[PDB]
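Visitor: Given next are the chains, with one letter for each unit.
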Amino acid sequence: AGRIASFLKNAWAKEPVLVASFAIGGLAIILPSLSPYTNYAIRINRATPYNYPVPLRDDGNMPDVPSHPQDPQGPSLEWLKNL
Amino acid sequence: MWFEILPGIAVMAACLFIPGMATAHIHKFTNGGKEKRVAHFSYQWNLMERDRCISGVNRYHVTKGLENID
Amino acid sequence: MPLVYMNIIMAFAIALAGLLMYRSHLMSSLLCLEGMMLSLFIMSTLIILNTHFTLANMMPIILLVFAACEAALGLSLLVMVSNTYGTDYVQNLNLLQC
Amino acid sequence: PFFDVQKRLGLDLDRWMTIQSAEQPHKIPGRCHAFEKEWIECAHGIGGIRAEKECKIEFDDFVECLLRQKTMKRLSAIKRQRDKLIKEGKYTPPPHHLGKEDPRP
Amino acid sequence: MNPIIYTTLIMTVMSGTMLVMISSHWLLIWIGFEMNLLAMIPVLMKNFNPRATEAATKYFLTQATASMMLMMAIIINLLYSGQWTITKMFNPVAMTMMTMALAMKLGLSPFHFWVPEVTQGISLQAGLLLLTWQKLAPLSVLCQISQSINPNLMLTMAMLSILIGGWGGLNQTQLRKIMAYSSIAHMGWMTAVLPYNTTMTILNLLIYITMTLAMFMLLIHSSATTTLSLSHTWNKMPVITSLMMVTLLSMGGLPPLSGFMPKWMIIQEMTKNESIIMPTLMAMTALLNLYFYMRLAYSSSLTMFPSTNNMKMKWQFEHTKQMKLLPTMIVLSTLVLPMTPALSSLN
Amino acid sequence: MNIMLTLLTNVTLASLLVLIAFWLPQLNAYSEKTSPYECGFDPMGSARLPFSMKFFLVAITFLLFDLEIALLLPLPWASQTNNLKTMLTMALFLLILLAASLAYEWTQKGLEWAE
Amino acid sequence: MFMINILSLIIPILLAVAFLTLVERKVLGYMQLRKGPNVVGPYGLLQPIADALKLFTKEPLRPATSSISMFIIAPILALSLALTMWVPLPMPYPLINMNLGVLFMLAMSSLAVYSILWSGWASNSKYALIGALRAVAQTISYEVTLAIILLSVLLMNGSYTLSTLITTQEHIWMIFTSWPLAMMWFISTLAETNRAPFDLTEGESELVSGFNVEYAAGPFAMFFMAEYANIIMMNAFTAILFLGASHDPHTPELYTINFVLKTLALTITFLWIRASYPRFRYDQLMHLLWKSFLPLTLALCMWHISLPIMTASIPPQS
Amino acid sequence: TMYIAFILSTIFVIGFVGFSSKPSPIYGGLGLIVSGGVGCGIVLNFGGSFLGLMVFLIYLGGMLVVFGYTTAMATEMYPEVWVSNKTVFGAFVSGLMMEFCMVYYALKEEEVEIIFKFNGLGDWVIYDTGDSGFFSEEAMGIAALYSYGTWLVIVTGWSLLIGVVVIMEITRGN
Amino acid sequence: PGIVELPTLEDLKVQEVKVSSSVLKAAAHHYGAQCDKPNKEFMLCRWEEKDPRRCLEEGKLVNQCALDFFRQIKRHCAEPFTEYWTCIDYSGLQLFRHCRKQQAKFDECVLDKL
Ligand SMILES: CCCCCCCCCCCCCCCCCC(=O)OC[C@H](COP(=O)([O-])OCC[N+](C)(C)C)OC(=O)CCCCCCCCCCCCCCCCC
Ligand SMILES: CCCCCCCCCCCCCCCCC[C@@H](O)O[C@H](CO[C@H](O)CCCCCCCCCCCCCCC)COP(=O)(O)OCC[N+](C)(C)C
Ligand SMILES: CCCCCCCC/C=C/CCCCCCCC(=O)OC[C@H](COP(=O)(O)OCCN)OC(=O)CCCCCCC/C=C/CCCCCCCC
Ligand SMILES: CCCCCCCC/C=C\CCCCCCCC(=O)O[C@H](COC(=O)CCCCCCC/C=C/CCCCCCCC)COP(=O)(O)OCCN
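Protein sequence lines correspond, in order, to chains R, H, C, S, L, E, W, Z and V.
Just so it is clear: in the first sequence, position 34 is 26 by the working numbering, and no numbers are missing.
Just so it is clear: in the second sequence, position 36 is 87 by the working numbering, and no numbers are missing.
Just so it is clear: in the third sequence, position 69 is 331 by the working numbering, and no numbers are missing.
Just so it is clear: in the fourth sequence, position 21 is 66 by the working numbering, and no numbers are missing.
Just so it is clear: in the fifth sequence, position 35 is 23 by the working numbering, and no numbers are missing.
Just so it is clear: in the sixth sequence, position 67 is 84 by the working numbering, and no numbers are missing.
Just so it is clear: in the seventh sequence, position 79 is 1349 by the working numbering, and no numbers are missing.
Just so it is clear: in the eighth sequence, position 132 is 136 by the working numbering, and no numbers are missing.
Just so it is clear: in the ninth sequence, position 49 is 212 by the working numbering, and no numbers are missing.
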């Protein structure tokens, strides 16, 4: 740990720009893999309806597919409303 | 004194007011008193073309409504 | 085929004929070589945009990347030749014979 | 020559980009998606020789969709005949083709 | 050049060739070609001198022009078919462009002058790597697209390559130029058999690569780049000259050596397709290659040329670096005629 | 259309300014007035001679880095995809390779000018 | 009415350029304990008019060694691109509404590079050649750094539309969000516009007027107008990019007033910097961006790629 | 119609004729810059604004280095212009005449070249009637370089790094 | 290779929806909630048949549902709806964000009257 501390002290006195650059890069690489909002961003990108939601032909055996948009079945964005 | 610089800065500021205000006034003048329609996508462009078609005067900004459907 | 494709292909042919006919300078032939890739880029993007091949829109960018890699290679060889001889003339590249 | 490492290992390195009827972002269809699908499903599993011999109809439709040569020939023929007719005053375009109509919304 | 940089450049050349040989996409094949050329130029310029710089410049210009024509052919093929997969090309014009581009990359006549020029310009290791690997890749592309090859154009370029290689090798005295013209003639043979049997193309490629590796490594061992420099090898290590003599006899197509197998199989295969005039002309023309191989053999092993006085110190000293797989390449290039039916395994 | 009209207007205005500049004032030209300026003394050589470029390697590196920025530019749209993890990995990969190129050139002294 | 809009964009820009010349004179004078022009007009308000009339009534000369075609084209290109750079700027409504408004400005700036290069080469003199090559090096460095900085800042935005920039900065400022990129962008804009300490293409102390040594009378005035228009346009771009003004759709004049005030503040800061600092050496300028700005720019680009993803704050696509 | 794309294509070919007749690298770079801008215009009319702006920006950056290199490496006492030399002027006039002949024949009749068949009709005719919505297809396809095309990114980045190493090694000397 | 069969001009006629994009956008969520059935039937027909000529009746039913929806709006909430779409029309991008008050009045009117 002493060698690492001496190296960091010397670099912070000679190349503060490079020290800051490497710190920012390392935090950019590591932090996204730990934040719990990465999956939230993925879900928000999924929830965006760019194209038309083509309906499915009802076979009479689709209990999880809503018949009307306001029916309870189907995805809900209540989590996104309070976010 | 340092406030003798202000009249030149005032003239420059007055000159810089003209472009944006002129653009806004021209847009409101040529769009029937409303903001110029922004069409960044084919959907918005098709909306503008349909507005032109249904107006009957070949101007998209001439908007029609319930009095027009009946 | 429309006449735009004809013009782009003719541009490629002209740039190819220019490269194959040196005059004195290697830099001029490097410029002729760069133009061929510009014509290729234009032709490829005209074809892809007309057929709505959505995933193929990234191909012209890779084309440009390797284009400027080749341009970098040519510039490096040109500076070495110019250091060796004092001019970028292709007449000095005659030590090796067939 | 061709070491099919992708097929052997189950990798997908460029097959996603080989054809225009594959998975596209936002499900954007190609210009000739139906024709390419028909030609590919015709020519699948029969080899190049049989594909060229037998799926020639599908391939011709595909190429016609791609380049639009026969359609341009028809349009040019109609345009030339119409121009010749209006040169001698034997044809009068309708007002809806002359711009005196109210198109559909 | 740092050894790490040199090995990473070799790895990048091999990566480009492998990308070409594994890709199913024309864009990826072109990318592999570009990467191969980009990493190959410094390998040519490793030992810096004006000759090496000129050889690298000529190689870069030729390969860049070939790549431009290849990408134009790819785009033209895409225009008429909308296909990126490497299969039979759908446009004859695009196929002609691709054929000319790949012939220029290989060095087939009349796109051959750069081969002797660059091979003379660059060192022995660079020439070995150049010949072997840079023939390895475009031949893979041609084998993939063989079924759309125009037989007339391919056979014309192949016969031109055979004739020009024979005559150039006849005239040359420099060993590197001799090897380059030999390469031109062998490429001619391979592309001549290509429109009929890609298996025979691959067989000739393997035998040619083995013989070329053996010959180049023998030259590096003897450190001889001219005829007279090679004429002094009998007075230092006479075994290398004898091995070079038998390798030269094999490369000339003399039975019962390994070099006869590719010519024999190619002649048989072309005869199966009712071709007689072309096999007869190709067989007769190779006698020029055999003649200049025999002339080289006379100077090195079958006769004793005068030597010098410091050769005594050279006697006193011993070769340090060990060539890797040199005995295996010498054996495989002379004594594998009885193992001919393994081409089915090669199939 | 509008952009073409704007470009034509700007070029026409600049050309009109040049035309007014070269025709309105009184002209009186002779050999001494139009001779090249070298602070009062005649130039010894010519300005068309080679001019050594001590930063020649940095220009080639600039070409490659211009390619890098061209690759990096479509990132704002690429962040709208569902494959955020893959997109982030590839963007960081490209930027790390660019940083590695810069570090390699810096350590091998390619950023220093020729003497 | 579109031609009227073009004129209403062009003519006030030229008038503001002339009065910016006057303002720079007076500001530098007062910072140097002088007064500056106060004799020609009331508080020196007719000085730009006098200078323009003198320059356009003075004789222009083409050097005997010059290439006349590219000698004349260069001021035309400079002034044309300086005027063209203003058309996508929303104040608050752009004259030309582009989907990719920033890449157009990058391309037009890179094209405006060639005016000074071709004027220096066409002049056929050693000082002009030196100025042209200094321009080459300066453009290299500032171009790479500017490209990556703009990429990051707009990645915080969602697209390349400046109206979308306004919408993004409706609540807070990009200076609050990304101030280090703002500092480096300000330095890079100084370098791009060839202002002190990076006024190396035309460095009076080292070169006698640099690249425009042979230019006189009207053609010189066009180079000066192009330079000052670029200064104002780049400061306006900085204000729109980092200091977002509140926009009211029913009374848009308030946005115009706020934007003009911010642009004037940035331009006066440019003049302040010129009055304050010495001049760089161009090798030191190249080593400033490549060895200091470029590593930090790459690190901040990585950080601004990661930040919206890890915080679930990715901007809307449109 | 208005033949905007056809006129731009003709200007593109003219710029190619110029820098291929090769007066001197300064004017060759000028012609290549003109051709790049005109190609940007062509592909902007066809639909790709990002691609047009990118090619224009890339070639503007690339010709900057070419100018600095021809000032140092590829300059002579009297740089050649198109009318300065007989060979350059001959090549320029030959290219212009060939382009004019092709354009005239194509406009007068459906010109079939010895290589390809070209039909004289509308570039507007060849377009598609359908439309996208609330996104740019070109932008989405280009941005798909990261979700799709992981392999392409890998090979491209490796090629760029190796190119830096290569340009360092070539100019090493010694 | 055959004659393309096209519907006649007589059976392509229908009562048009002659309101502008601003009017459609103002009453867009209510329209999507009220006329969901015919619109979904038409979209399913279009995506299954892959032929415009095979789903003309569904399009006419879509037009009839839209006309009935707008007549129901006209009979009960003419003034709040007019104010809402007049607010929407002013914006260049036709943003819902700027008209949350007129939208509130319109939603109150349609919730009570309908
Ligand atoms: C190439 C551009 C074309 C479009 C131009 C669009 C309008 C341009 C507006 C800007 C003008 C800039 C100058 C402003 C005025 C000051 C200078 C000035 O007066 O210059 C004029 C110039 C002045 O000549 P000068 O060379 O002595 O100019 C110096 C002027 N002073 C002394 C003031 C400095 O006039 C001429 O060159 C012509 C004078 C009469 C001789 C006529 C000769 C015949 C050819 C023209 C007449 C028509 C012939 C028709 C028949 C043809 C077939 C046989
Ligand atoms: C390891 C082998 C070493 C010997 C061979 C060396 C060959 C060169 C090195 C090759 C390494 C990469 C091979 C694997 C490529 C993966 C391609 C793809 O299938 O994987 C991606 C997964 O990528 C991963 O995130 C990691 C990618 C690799 C990260 C970089 C490591 C490679 C570094 C290479 C250094 C340069 C050397 C290369 C030239 C020699 C796809 O993920 P996904 O999200 O589902 O795709 C979405 C597509 N949708 C939309 C249709 C669903
Ligand atoms: C938008 C408007 C912005 C207004 C800001 C204006 C500032 C004042 C303007 C006056 C300056 C203009 C003339 C000055 C030109 C020269 C400027 C200059 O020299 O700065 C560069 C300076 C000089 O370096 P050297 O002394 O040569 O050392 C070399 C060592 N070998 O070095 C730099 O590069 C500084 C770079 C500044 C970037 C900001 C620093 C970043 C701070 C890190 C904290 C942020 C971390 C982010 C992660 C957060 C995680 C939660
Ligand atoms: C790895 C994850 C980050 C991804 C990349 C980071 C972003 C891009 C950064 C790389 C850009 C290039 C870096 C080049 C590094 C070597 C260059 C070099 O040669 O530097 C030397 C060597 O100097 C050094 O000290 C090397 C830099 C050592 C700094 C590295 C420290 C690592 C920090 C890790 C995080 C520590 C956190 C501390 C936080 C402190 C507060 C922020 C000095 O240069 P000179 O030749 O002397 O200048 C010219 C003189 N005439």
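Some hints here could point you the wrong way.
Said to hold, decoys possible - Cut-off 30 angstroms, straight-line C-alpha distance, at most; resulting in silico cross-link-like pairs (DSSO-like, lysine-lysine): (1) H:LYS87 <-> V:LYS213; (2) L:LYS260 <-> S:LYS118; (3) V:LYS176 <-> V:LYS213; (4) S:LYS118 <-> S:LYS82; (5) H:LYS79 <-> W:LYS1532.
The set of hints was computed from the structure by calculation and includes no laboratory data.
Visitor: Against this structure, judge whether each hint is valid.
Guide: Going down the list of hints, with the structure as the test:
1. For a cut-off of 30 angstroms, the pair hint linking H:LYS87 to V:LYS213 is broken: about 37 angstroms separates their Cα positions.
2. Restraint check for L:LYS260 and S:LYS118: not satisfied, since their Cα atoms lie roughly 46 angstroms apart, outside the 30 angstroms limit.
3. Distance check on the hinted pair: V:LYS176 and V:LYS213 sit about 21 angstroms apart at the alpha-carbon level, within 30 angstroms; holds.
4. For the given pair, S:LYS118 sits about 26 angstroms from S:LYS82 by alpha-carbon distance, which is consistent with the 30 angstroms threshold.
5. Under the criterion of a C-alpha separation no larger than 30 angstroms, the hint pairing H:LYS79 with W:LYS1532 is consistent with the structure, at around 25 angstroms.
Hints 1, 2 from the earlier list are contradicted by this structure; the remaining hints agree with it.
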